[PDB]
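Just one chain follows, in the form deposited without ligand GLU, and it is written as structure tokens.
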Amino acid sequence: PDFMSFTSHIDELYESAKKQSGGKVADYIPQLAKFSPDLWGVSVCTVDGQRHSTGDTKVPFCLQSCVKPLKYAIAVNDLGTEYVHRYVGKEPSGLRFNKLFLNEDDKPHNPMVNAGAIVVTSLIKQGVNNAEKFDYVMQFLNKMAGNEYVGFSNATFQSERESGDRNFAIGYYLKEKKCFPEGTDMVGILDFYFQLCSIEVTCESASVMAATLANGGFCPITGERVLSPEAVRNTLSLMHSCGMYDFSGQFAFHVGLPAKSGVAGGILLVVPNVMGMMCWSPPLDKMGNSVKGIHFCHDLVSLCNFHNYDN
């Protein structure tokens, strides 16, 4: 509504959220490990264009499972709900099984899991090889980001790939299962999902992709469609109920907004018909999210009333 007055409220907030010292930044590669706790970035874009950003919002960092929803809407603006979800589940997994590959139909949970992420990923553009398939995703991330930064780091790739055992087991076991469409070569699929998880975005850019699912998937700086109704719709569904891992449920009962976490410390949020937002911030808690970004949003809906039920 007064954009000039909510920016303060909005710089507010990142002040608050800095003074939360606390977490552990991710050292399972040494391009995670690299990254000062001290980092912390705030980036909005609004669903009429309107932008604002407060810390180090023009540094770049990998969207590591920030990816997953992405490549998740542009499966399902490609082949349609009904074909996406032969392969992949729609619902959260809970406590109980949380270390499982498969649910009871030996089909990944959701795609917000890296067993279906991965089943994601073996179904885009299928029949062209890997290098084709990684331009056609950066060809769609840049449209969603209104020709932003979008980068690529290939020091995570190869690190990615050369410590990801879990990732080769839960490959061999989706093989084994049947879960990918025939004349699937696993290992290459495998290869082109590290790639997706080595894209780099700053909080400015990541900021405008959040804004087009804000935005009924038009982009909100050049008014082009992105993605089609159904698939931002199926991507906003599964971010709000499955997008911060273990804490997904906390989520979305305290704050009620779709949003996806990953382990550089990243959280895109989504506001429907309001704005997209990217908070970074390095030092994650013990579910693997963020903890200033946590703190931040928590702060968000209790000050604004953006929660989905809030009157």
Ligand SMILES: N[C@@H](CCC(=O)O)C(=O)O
Given for the second form:
Protein chains: 2
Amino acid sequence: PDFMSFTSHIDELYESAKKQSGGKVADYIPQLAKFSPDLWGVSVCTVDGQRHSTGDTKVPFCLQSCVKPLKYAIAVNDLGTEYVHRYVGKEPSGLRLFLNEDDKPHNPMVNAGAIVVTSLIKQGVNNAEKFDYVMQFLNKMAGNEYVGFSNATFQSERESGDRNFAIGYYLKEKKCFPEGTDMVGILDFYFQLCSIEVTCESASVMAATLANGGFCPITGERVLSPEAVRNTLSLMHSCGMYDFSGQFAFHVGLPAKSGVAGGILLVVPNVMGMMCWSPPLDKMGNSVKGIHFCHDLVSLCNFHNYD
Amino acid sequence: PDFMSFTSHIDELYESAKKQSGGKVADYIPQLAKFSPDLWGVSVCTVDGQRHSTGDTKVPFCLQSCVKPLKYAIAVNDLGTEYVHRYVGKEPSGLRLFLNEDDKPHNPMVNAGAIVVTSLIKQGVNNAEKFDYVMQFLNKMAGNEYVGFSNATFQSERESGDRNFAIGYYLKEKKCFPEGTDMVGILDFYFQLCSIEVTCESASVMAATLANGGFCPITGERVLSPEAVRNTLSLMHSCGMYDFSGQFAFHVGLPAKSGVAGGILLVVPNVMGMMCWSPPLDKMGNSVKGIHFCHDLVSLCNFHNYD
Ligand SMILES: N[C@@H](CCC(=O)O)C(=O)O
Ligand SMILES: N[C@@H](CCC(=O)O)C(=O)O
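What I would like now is the form deposited with ligand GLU bound, since the data block earlier showed the form deposited without ligand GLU; can you produce it?
So here's everything in the complex, that chain up top.
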């Protein structure tokens, strides 16, 4: 209704979350540990293309696990729900290395499922063409705003990702991949996808595309099928916030996805997309200021699923 | 928009689910095993008070686990979210006897959590007054339509409920109950609540009250607080369908609760309530015809959360 007055409220919510200085910046690679704890930005993009930013909204950071819903959406878009879910389940595990009763990863939002989803995208071409394909897809989702790549993050991520290699070999042993998959090459592609860089501004438009039925709000183009969008939102609602996913569903009731860079990709269906970013993470791996901001936003604006 | 034409579609969906003859009638007590497999009814009550029934909609059956959301709602209504959730968690387990990391039952929809919720209601009075209190509450939810009691079910349920006694003593040992709780008397009250009888017709109005923000649509009275209703819908969405809850959330995306009598209490927020009932259950414990009907209903009418 009144965007300028909604904007004032976002700025007050921003300002209250800012005083919240707890948490620890991820440090398992130097490219994460570098980041200032005081960095804090929130960008909004409505379903009608209205924009508002406050704080550090033009500083690039890596999507990390925030890319998981986006590549899941790409796979469902290209391949359909049924094909994708031959390989990956549709529900939460407890707690956030094992497979479900059908020897599938529990869902696309845990590393095992994201690694499997990565193996399904653009099969038969080399990694450079797979990567370019996804990069172009994210450009459409972002209405051609900032989408980059951190080579330093990619190289450290691959050198230090012992757990992800253990998962890969485990998935190989349980036959979780499509026929003819080079698992080690899939891990590389996965590491690369984690290392894609956005700003709060550009990521908010990606979230707005999900909020707007798969149409990008600042270009008007259909980027994702209705089915892709719907599946992605369902899984972001139940599985997007690591071991906090249940509590977030209860108290906030919006589809969101967090990552270790401190991003929270938030969708308010039929209203807007947002990206909140602040490096310091709580014990569950979620941005301290962004979790605070999300609780406040739903209280103020009555955006809960079952409001 | 056009109720009479919506009604025709419900009848076609009813008719298609009817041909679905799989499943097994529960038989762990004779009061369940008695029931014909061919019994099948669907009742709708809209948020504006419009009614439609098809099939066996006036044959009483026991709420069984369908009562779980209703007593959880009563407790939050009387005591608030914060008090109730000192005792019970807010999220799914995997798979559907243990407690969460805080030694609480995972949520109100598993037996352990429902037993704890039962211990919180109307504390300090005797069981007859507790029971009368809840019966009167269900009368308000149902707009004074059919609410009864099966004494035969209550007596068999208590004689044969070895698992529930094991849970009770386990909860007693982990200190899960409020101070001064008679655990064995709480189990009785729990058995009694399972044995409350409704028809599809009367249960649909209970569901419509949840669909309508806690106001009963055929009387207009406020029965439940906004908070009670919202909490209940969140937990029905994630935890209401036993081990099928994840898949139901994905494919159907509505708050529902199933029970072993073959009932499915379904809420379509801001639109309507329904009760589907058919005794024969699938391997997960859900009504075969009602699961089929629910999938079909969401396909036809676009009622999914993230449609
Ligand atoms: N690259 C990290 C992603 C961590 C995250 O964003 O949670 C991993 O694969 O473990
Ligand atoms: N009285 C049954 C309820 C079963 C159900 O409806 O799932 C029990 O407590 O196990």
